[PDB]
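A single chain comes next, written as structure tokens; it is the form solved without its partner chain.
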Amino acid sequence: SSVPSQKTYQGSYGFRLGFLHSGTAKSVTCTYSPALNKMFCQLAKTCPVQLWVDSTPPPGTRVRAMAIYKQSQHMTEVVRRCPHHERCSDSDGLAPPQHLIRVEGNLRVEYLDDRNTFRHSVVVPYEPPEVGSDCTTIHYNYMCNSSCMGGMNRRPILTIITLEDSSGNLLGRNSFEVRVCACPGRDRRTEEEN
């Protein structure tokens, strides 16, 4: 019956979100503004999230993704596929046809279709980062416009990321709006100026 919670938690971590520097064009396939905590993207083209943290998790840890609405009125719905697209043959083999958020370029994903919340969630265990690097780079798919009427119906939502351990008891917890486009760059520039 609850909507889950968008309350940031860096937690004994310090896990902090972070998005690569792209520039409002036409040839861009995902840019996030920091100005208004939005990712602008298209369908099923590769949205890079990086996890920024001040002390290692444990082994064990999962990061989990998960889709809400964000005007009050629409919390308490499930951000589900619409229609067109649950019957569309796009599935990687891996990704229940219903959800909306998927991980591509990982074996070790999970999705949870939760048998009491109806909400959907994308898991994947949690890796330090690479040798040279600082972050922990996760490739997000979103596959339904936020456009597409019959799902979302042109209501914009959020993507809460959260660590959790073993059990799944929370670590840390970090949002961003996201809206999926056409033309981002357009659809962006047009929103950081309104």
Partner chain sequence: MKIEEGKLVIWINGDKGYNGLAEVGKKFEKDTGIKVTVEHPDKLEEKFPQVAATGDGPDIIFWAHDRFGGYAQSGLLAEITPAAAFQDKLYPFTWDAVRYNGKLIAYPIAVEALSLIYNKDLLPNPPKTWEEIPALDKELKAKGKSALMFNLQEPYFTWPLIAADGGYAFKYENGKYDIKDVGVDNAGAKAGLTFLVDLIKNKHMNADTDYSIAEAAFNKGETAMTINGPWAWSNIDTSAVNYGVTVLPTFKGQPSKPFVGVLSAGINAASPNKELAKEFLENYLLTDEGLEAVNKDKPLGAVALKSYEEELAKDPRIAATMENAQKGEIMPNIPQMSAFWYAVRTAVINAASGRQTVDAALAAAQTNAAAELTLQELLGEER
Second form
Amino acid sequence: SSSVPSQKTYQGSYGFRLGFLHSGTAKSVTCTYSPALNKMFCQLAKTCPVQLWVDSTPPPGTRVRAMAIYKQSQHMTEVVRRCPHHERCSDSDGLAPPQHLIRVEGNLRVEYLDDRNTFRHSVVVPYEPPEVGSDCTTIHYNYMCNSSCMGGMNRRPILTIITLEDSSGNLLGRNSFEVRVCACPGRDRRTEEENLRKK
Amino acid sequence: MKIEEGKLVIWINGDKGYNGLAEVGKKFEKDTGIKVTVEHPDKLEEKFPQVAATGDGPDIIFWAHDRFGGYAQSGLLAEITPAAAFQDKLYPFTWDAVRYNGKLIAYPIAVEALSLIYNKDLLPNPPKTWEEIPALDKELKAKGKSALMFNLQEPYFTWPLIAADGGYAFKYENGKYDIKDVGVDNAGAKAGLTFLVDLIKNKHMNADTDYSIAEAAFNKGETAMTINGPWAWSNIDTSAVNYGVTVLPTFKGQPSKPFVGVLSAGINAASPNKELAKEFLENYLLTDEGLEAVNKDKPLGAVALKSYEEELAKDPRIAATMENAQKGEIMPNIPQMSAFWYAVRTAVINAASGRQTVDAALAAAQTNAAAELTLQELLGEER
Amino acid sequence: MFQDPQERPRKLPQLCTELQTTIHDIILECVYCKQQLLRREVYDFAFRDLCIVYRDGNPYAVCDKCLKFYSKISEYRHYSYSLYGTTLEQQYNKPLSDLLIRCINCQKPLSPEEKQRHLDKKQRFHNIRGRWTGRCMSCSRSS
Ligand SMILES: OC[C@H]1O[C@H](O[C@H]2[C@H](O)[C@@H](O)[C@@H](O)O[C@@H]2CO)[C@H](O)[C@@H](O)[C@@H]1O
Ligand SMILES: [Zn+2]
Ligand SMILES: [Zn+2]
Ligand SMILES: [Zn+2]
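For comparison with the form solved without its partner chain, kindly provide the form deposited with its partner chain bound.
Every chain and every other molecule in the complex is listed next, the one we just looked at coming first.
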């Protein structure tokens, strides 16, 4: 008996929500987000910008956590993992344990957690308020397996759950988005958005 | 890059004392070999966002702190990062004036508020009340003087009267401004502005009086009263029109409530000379030496630099300045301030002429200055 | 239901998930006129990246006619100035693809392709008190 993490939106006291670039559906795009689907399409190991929006600033010591879970209920209890092949290919940046699916790039304050109770992976960085001339904080995530990776996600869709938490790990905010890691995010987003209008 | 590396180009308003600033620049040059060019272009507060948007403009822009939130928001400004030791040399509340979304976006220089400046020779006793001005006017409107002249083209100058009995820009609460809560068409607002128009329908001030017309008038002794800021005191001294600086007149029961500006120096985000500009501003301008040099050209008001302020505070006119300031309100620096100022400048001009009733002039400006709640929720942003 | 402002879905797809319904099936009223949304309007609301609005704990949305009507009103009152795309790119030092630009008419975030068309056709963008706006493809010649 072990739990699956909630994906339920929670703005909380500081009005937390996510934001995304509008990167279009050209075949060359490496990361694109569909608001209609609430879904990120990206290529393996490429930069995926995720914007954090607050209405009021959370205290320093606030942390931002990302976690993958399988979207389909009959898979929700399985820990999202990199496939054995990619886990053993020396492709570490020097910070991320090689079994973590989700990495944060360009931030030395990043921490990687193997949860000792649930065995779920998560990646955490300290919250920082927006830079001057910005209204949001951007975290650059990397997804280190294809959704199709056999031995890993096995074509199963995942959710990334972003949580704002305090220094102790109490929940300040939560949002989530579906992720598909694939070879042609532009085309895949275009495809699924079109099928959404037909059904 | 469009801004030249290894020099400093500084923009500052024409009413402010660019010669004294130019002098601090000279001392910088002669110490460092770095050329410093001080310019005072027209419509500085408008020219800057236009050229800075193209990645051009001055390394350093001076203006009251109220424009800076818009500049920062538009990405025109670099973050200001003074050392703790330097930060502590300036009054904390002046730092607060140039903090925007948790970040410092300018160096505060000096606190500015309008005062009532009067000729003792014509009026040894200035009206401490607005209502006793139409009477006092015609006393001189056959003498044949006007009673009061001040700039009527900039809402900054009429804002004290319109705000005295309950007008306000954006509601301040809990450290935040509610951009949906604007106080421009309320009772005290319409009140102060109808009074102002009933000085022009009644021939006691001319609708088109501006900064030029009013300064000359007062400095050639043709009006005994004017409303202006600390920068104005130098040209009054050379006119020798024996003058005093005092508390602004009351309207109805109320102190007349000017918007208070902190003259501030921002660093252009597109400048390759950011560390230079910091060096210049922290170690040359914001020193007893630097500020005095500028102050001696045109007075700055109550300077942010504690040490020099303590010397300046002995001055009775600075005490007057701060007395008006504490009766007024610090301007917000939020990006909506420029629209607010445009809306209010329009309402005041259109009511002093007659293209609108005071009530419809302010009805429109309120409308253009506040936000629509429902569309903003649909869009998911307070902008 | 939904009368905790710190805990209700912002976006339509998440609203559908918390109602355990789908976007194909959900029934929504416009927040302005209270009429029910057409099916294509439900889809449009999502594609346009709009936010669910709550009145008295109930989730509303918006119909096409009201969106365009209340947008234009807001735009009239808060129009600041206009710029060609080239200046925008200099100003923020990013590609247009990275700036949030909504269609001035229907509020859909512009694609890079629509942003490029602005550049190619020398169509200005409009600044609506800090909001950057353009015109999407579907609003680019008139219906
Ligand atoms: O009139 C609107 C105008 O008011 C303020 O400008 C002042 C400025 O603060 C002073 O230092 C001096 O230069 O006089 C100006 C008025 O002509 C605001 O600072 C400005 O943004 C606003 O548009
Ligand atoms: Zn893999
Ligand atoms: Zn409607
Ligand atoms: Zn459109």
